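Quick heads-up: it's one chain on its own, the form solved without the named molecule, in structure tokens.
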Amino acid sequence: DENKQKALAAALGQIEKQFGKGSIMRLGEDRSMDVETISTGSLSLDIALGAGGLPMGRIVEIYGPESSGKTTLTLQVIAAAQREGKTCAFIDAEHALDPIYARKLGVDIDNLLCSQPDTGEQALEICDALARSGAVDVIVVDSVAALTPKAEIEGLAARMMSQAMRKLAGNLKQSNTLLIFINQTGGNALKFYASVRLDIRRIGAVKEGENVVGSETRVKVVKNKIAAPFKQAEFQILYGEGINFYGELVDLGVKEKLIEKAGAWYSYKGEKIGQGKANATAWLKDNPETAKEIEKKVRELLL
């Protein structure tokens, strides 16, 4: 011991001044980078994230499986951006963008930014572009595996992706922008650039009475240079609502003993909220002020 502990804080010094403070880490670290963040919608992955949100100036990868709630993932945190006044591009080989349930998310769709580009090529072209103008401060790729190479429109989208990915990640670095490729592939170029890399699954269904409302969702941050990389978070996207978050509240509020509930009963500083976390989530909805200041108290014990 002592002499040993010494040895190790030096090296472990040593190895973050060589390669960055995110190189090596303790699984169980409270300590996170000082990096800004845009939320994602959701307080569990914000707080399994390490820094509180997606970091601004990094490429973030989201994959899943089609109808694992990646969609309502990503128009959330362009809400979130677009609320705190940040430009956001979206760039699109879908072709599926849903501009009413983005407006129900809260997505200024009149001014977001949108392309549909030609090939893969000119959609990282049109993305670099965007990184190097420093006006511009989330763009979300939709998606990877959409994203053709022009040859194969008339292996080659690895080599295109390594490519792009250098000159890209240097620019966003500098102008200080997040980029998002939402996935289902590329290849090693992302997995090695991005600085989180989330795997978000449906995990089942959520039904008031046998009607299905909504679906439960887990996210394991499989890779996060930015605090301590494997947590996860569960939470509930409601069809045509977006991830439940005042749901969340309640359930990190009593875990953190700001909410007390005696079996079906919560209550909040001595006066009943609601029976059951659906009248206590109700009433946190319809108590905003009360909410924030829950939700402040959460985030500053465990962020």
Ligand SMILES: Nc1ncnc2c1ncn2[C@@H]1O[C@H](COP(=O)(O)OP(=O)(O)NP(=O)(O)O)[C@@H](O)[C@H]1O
Contents of the next structure:
Number of protein chains: 6
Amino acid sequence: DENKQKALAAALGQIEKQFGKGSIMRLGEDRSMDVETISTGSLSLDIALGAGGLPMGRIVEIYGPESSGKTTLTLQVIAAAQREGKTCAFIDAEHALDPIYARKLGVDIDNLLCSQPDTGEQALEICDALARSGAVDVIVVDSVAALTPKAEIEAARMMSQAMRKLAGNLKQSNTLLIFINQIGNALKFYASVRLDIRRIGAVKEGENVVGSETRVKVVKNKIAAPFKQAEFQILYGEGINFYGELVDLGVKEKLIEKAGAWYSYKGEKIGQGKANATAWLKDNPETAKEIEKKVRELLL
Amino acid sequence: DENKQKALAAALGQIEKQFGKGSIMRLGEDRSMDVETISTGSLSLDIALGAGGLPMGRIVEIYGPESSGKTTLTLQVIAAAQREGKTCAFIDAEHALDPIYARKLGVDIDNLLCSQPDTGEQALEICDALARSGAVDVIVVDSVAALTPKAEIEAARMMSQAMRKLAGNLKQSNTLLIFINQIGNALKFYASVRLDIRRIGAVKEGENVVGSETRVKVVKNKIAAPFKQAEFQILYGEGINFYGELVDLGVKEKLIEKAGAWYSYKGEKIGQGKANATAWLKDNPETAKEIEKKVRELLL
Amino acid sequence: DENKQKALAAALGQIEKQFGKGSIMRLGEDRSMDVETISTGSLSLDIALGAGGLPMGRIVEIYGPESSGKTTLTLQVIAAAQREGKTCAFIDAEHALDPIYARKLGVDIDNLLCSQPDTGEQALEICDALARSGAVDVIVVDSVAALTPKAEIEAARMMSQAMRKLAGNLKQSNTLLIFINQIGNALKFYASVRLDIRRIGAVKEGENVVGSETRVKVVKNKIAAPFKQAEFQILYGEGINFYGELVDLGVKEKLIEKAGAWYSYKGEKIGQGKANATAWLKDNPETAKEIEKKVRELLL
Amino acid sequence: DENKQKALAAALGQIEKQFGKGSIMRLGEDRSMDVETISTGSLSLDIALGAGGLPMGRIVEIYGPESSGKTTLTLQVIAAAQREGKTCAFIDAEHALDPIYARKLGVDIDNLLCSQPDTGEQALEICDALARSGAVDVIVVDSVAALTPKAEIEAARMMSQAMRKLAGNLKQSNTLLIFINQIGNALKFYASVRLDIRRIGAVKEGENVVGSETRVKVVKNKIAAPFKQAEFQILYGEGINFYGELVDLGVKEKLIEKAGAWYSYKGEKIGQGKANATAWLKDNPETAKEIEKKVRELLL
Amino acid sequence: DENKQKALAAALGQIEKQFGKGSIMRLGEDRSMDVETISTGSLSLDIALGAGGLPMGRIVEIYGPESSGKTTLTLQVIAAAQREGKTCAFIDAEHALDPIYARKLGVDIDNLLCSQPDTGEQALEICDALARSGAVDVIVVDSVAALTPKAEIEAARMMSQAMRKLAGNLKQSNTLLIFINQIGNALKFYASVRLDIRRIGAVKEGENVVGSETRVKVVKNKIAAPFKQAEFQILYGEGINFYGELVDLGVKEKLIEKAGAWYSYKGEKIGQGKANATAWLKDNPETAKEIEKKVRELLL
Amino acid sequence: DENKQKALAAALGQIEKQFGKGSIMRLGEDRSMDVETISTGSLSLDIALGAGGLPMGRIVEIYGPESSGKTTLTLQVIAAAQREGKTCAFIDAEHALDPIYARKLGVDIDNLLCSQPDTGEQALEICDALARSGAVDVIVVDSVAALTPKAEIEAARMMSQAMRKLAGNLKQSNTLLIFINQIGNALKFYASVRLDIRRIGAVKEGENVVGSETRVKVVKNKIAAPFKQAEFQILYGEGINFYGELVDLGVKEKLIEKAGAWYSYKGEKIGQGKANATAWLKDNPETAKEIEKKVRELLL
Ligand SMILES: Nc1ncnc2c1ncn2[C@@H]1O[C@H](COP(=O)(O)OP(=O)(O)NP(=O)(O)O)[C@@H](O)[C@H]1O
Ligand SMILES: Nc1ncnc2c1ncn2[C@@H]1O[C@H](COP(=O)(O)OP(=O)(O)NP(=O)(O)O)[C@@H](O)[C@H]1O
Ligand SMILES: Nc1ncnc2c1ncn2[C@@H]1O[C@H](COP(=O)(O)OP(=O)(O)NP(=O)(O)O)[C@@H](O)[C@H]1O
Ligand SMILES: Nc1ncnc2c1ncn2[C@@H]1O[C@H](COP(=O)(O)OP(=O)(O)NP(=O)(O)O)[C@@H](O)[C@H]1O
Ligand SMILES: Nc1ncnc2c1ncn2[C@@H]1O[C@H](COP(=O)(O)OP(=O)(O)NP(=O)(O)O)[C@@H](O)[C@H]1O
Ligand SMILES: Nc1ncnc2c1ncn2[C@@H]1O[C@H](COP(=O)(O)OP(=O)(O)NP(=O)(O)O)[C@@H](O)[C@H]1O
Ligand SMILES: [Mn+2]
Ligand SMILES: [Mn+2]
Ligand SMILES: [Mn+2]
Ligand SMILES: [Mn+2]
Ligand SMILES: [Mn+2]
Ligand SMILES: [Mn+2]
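Return the form solved in complex with the named molecule of this protein as a structure block, the form solved without the named molecule having already been given.
Complete assembly follows, chain above in first position.
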């Protein structure tokens, strides 16, 4: 029994020592590798991630069907990074970025570096150069599916080529790199976090579709326990409904009381119906930050 | 004749003495090697296995087409093991575990160890370390097909490498290890049990598909006679329909009487139609356990 | 910090040195590759393009739904080129050119070279021949979608074939080539500029539809920052409402004052309502040119 | 400059040498491939065609809405051909030919070959047989839209099948073949001339509708510059108002003087109002022929 | 020239050999396929048909507006067939046959087979059965427009189904089948003769409307040159005015002399006014038959 | 010949075997399907029907202009049915039944079931329920034209819906159902008998209009040869003049002698003028029944 607990602890310890923390863990453990993170713009996803956001210096993959919200998510990551003064780059092979929508999400477009490479190889080489510079914090690649190999222009093999080198340089510079993928597997193994995202419904303000009910699953997580999920809405032209997540997480954590349709904080009603309570948190950011901080301290 | 019976018995005896019990047997013999087992969650499969479940300290392979039920089966093995206080590990290369579904099947997610290895070699080494610890009872690997060799990332040979060492350490610690495989052959020879599983139909509650008609064949069995089969349903979001198997096995064994569509036990009707009779056993677990125990004593 | 600025500058510099200027840039940078351009006939689009027009010696793609204005746009490019004495060619697979409308837009039909090829391959070969001649400045192909491969007559592969060779010869002769496409991806990668155009409304002179509200997005731009947009009207039988764009851009740039509905320049009213102010600029081209020149100097 | 003119000429020359004259041309050039033609019965259309009529040995397509005048046009082509002793065939899938109207247009019905095929394939095979005979000058098919494939009776693919073979044999025998089409694209590419025809108004002799104002556009022309247009009237029961076209073309070419409503030739009035002047030319065919010849020499 | 005549003859010959006589012909040729025919009751129509009547063993379609005379025509075909001892069938989906009117036209109602099918499919199957019996000479279907498909009761596709089989069996048994259609196209292609019939005026005996001026056009004719026309009257309660046609055809053929309003044959007046001359032929059938025979010999 | 008679007989036999007797027949044949019938109250109509009345278990349609006698006819059918002890139902959507007039015609109003449904669907469902009961012999629906679909209240489609089911249940219970229709076609195909009725004149007893001269045509008859007609009078407040029909039919059949205006039976005068002879038959019902029976035996 006890000696078995010690045997287990030693074994887990030796494994971790050889392959690194995160090479094995209990799915219910609170522990999370100590790493610099960048918020995803979604409170429930930062929590599902265990570390409070995406890890710096690591490779991350985000995949899902068309219109699932992959780009919105990455744009919110960029805005969050830029909010902290970090330098971001956008490697584009999709040719679909909407700067108007991006600014609405907080992205500083004027200072966003951008590249629209001729081939998959060129994209990967530009990524490595930015990684080795030690002067770029976040690199988003949209998308992997559009990274046509030079020969095919004039695939799976291309990715295995410079993936090992790219990972090494990203790690050394502490550069976060996100690959967006639309629904071979060199990315599957080199990524420290893989997110599965999809639209699971519509948000209706009466009878008009105004947003999407979204769900993200952390299918791979080398910094904290994997398989947790996040659910949130993406409002058209506005992005992730962060405050709506704050309303639910506040209640769940017993920081915000819910009596039927009326929500209240510290005794005073903040709104009838999830919609009004959300509007209230949004207009009172100072109190929202406190509640958010409280939730993070409780779940992270 | 008689001297021929004695000659046969001696020959079989010498063979067994040299290569172990299970190296040869009559397909119709009742005898089953005395071994600790872990239920598969399926009554007809535990019976098809001859020992009442999967053998501890041995390697087991479970293969079948996509959506055949391989994972559900392994998750039920884990839940059954955890129900007895055993420590389980999940080595994942598929990145598809659904903890919500897992808890529904009885899995204690919080205490399930999990690893998402970088390479096939790393997975195998983690397996060996957990085996040598003498502190892990069940290890599930999902899946073999996803165990990409390091070189291929930056196959058949990889498996033959540490398979002999892994088997030795598993045996010594009495650790059960299950390899899930999706449809070279080092696994084929080192495994003590190999299960072929597939979907042979759909379960309809009227006209809506609610489950899968499933069939498992024990193509290899070194603990008891091989080639027996098991048939059972896997209900969406619920797992193996254990009680439905109990209804049929109870009847077959003349413990439960069937008169047309009405089933009865000890004189009293328990339901009209296999569905209601199943519901009854499920709501009266204490009586179900007795009938289950009876069936096991009769067929094991 | 500073050393990080220098590290960034060096990295961007090395990238540019290896893959050419335009291989990476800040979306808010003023810099634009020094290149010969040809006006598109639209002031806001020439500005959105960053270089003041489409680049000579490069491949350009213009795509959009039916009736979005693709042809009108290309015809205005041709007229602008011919206004400077440049030799233009029209490779037609649509068989829909209206010379009456074309002359209205300024096109010199009599001197416009035209080809109506039998197959996609023949079209591409004619394009290459005109490119290699060093005697053709602008080549418009209408459209890509109508370039049926010979075999299919008696696709994606056809385009990848001679696209690399065509691009080389166009570059060497400094010949601008525009592919019109109606809504595989060899064009997507070889093009230096890709324009997304569509009708976003109707222009009504009371209650009669007289034009189309149009929007063009520069989804790909290898000569200056991509993703900018242009909005302008296309009047039936007249083409792009250049003067209407001049009214708005003049105001925006504080060159033309707007007080309610009355517009004025240098103190004197030029018209009440965007329509009259536009008419005034149109009848006073000499002053319009000055204002246009001013806007270009300010935004280019 | 000059060397650029020579470079252009050589390039155009090489293109023409490789793909044939007509593979590229200036829209304003006077040159027209030297080919045998058959008048369409319309003076402005024979001119719009550049060669003075439709080309022998080539495929021609004539399409337009219902009642646009497609059949009348083809019937006038047949009459013109028969006037020169040429053998004509009519492949019919519409079953609507009016011999009374046809004779009025000059068609020699008794000697017109006719076929009413069972399937699209049979029609095409009959066409090929007539082509290979070297004894048929003009073949009219009415219509393409009615050429139902055998299978569909007991489409796009059917046309691509024998279109290449038919074209070859027609060319070799110098047989003109016209496909009438009512508003896949194998015809679009194999045709040397494609005509778009439609009714753009009504002809009123007071308040009674007596004819149709018609417009034909040469959307494809491989024998001379494409995109020219023709406008003429089609009088009920009479066909194309040839003399009315002669009045306008004579004036335009300054062969016939117009002073208000009075027209005159060589000093003498021929009628007040376009209607009377037309009647005069019609009653004085010998002078009309001279004026017609003059116009052709001036515009062809 | 001559060799061209021989080339033409050979080509036409080969075509006829491959697709049958009637697959191509000169519209003015006297030749008519040698076939058994059944008079339509109209002398000018039997002549317009070229063979003297409708062809046995073939499918015929007769269409026209309501009250155009379609039924009267078919009833006269039946009477003519029955006059020769032929067995006739009437497949009815209109439910409007007037036996009193039918007997007046010569129809032997008592021996006319009749069917009033439940569905379009049933009608077609009954037709095939009667065809395959080799014991039915004429089948009239009234009408196609009323042949509602079974599914639609509890269309174009239905007709294409058994049309090929029906045609085969009709041909083999030499059974004439007529489809009446009121104003997809499987009938259009399988029919050997298609007749377009309509009312073009009224017959007045003073000021009272007593009949209809009728015109039939043979829009499709695979047994002789198509496109000929027939004009005759249909008197209320009497049917086709055969004798009135005989008066005109006799005159036209110079067998009957007309001097103003007086008609005469072989020197003797037979009546003043087309009406009396008709009455005379009708009361002197023996002489009428001779004149009729003469006309047929001259025009057939 | 003979073998052709046998071929015909076999073919007709096979047709009848496949689609039922009545699927084909000679219009002059005496044969009538053996079926239970209900007199229509009109002797000439029962004869025109071939079976002596309307068929039980089948659907019948009776249509005609307003005031043609449709209701009177159905009321006489009901009275005749009730005279034999049959249970009748009246489904009313017209709301115009006159019980006083009905009793005069022999209808037993007190025992007549009646329904005045809210919607067309409800009417049809009530009909089906009465049909499936096996306890209702005759159902009259007045009228189809008034069967407004539910949706239209808060048509052609409605009828096709339950017409097939209704027909099946009516047949199984041997229930006669009559649809009255006032002048889509699901009724047209499901009905076994369709009657066209209209007023063709007035009955004057001097100069006062006392009745209507009526004519019914059996346009559809699946139990015996169709297209026969019936003529009889409908006297105001009395119904069908049955005896007047008996006078004419008796004479026609040479059972009653007519010498000018005097009628006589078996030698003795029964009245001068059709009116008196009718009165005589009416006052001597016992002799009238014999004559009626005689006529039926002769014509049925
Ligand atoms: N320019 C925009 N303006 C307004 N709302 C936008 C815009 N772009 C995206 N959205 C919103 O973003 C939600 C998420 O879409 P998006 O993030 O672009 O999905 P995606 O999976 O990243 N893209 P793709 O691979 O092309 O389907 C949508 O359904 C829109 O409501
Ligand atoms: N998250 C889930 N929620 C509900 N039902 C599930 C879930 N996962 C699996 N099932 C059920 O499990 C049945 C068995 O599927 P599964 O056990 O995952 O097959 P598999 O062969 O193990 N997997 P794979 O190799 O990926 O096809 C399915 O058809 C589902 O009804
Ligand atoms: N011949 C013409 N005469 C007058 N106005 C024209 C003519 N051709 C085009 N236009 C105008 O051009 C606007 C732009 O149409 P167009 O430029 O032809 O779109 P497109 O996308 O290029 N063509 P397509 O692919 O065929 O739909 C129209 O809506 C018309 O108002
Ligand atoms: N039989 C005829 N008699 C008198 N005028 C005719 C006749 N046929 C055609 N026309 C005239 O021809 C003009 C041109 O019609 P037509 O040439 O038949 O057009 P279409 O496009 O060829 N036919 P379709 O495809 O059937 O609409 C008409 O509007 C008529 O004035
Ligand atoms: N029962 C009848 N009695 C007297 N004349 C009749 C009768 N039926 C038809 N006719 C005459 O037939 C001429 C031709 O009519 P008809 O032959 O029935 O045309 P239809 O096109 O066949 N029928 P439909 O489709 O119903 O319009 C009419 O105008 C009548 O003069
Ligand atoms: N209440 C009544 N009293 C006396 N005579 C009646 C009565 N109802 C009907 N009749 C007679 O019935 C003859 C036949 O009329 P009717 O049977 O009601 O025609 P209908 O076509 O059934 N009805 P509708 O659709 O309303 O016109 C009439 O002209 C009347 O002489
Ligand atoms: Mn995206
Ligand atoms: Mn699985
Ligand atoms: Mn266009
Ligand atoms: Mn036509
Ligand atoms: Mn008819
Ligand atoms: Mn009524």
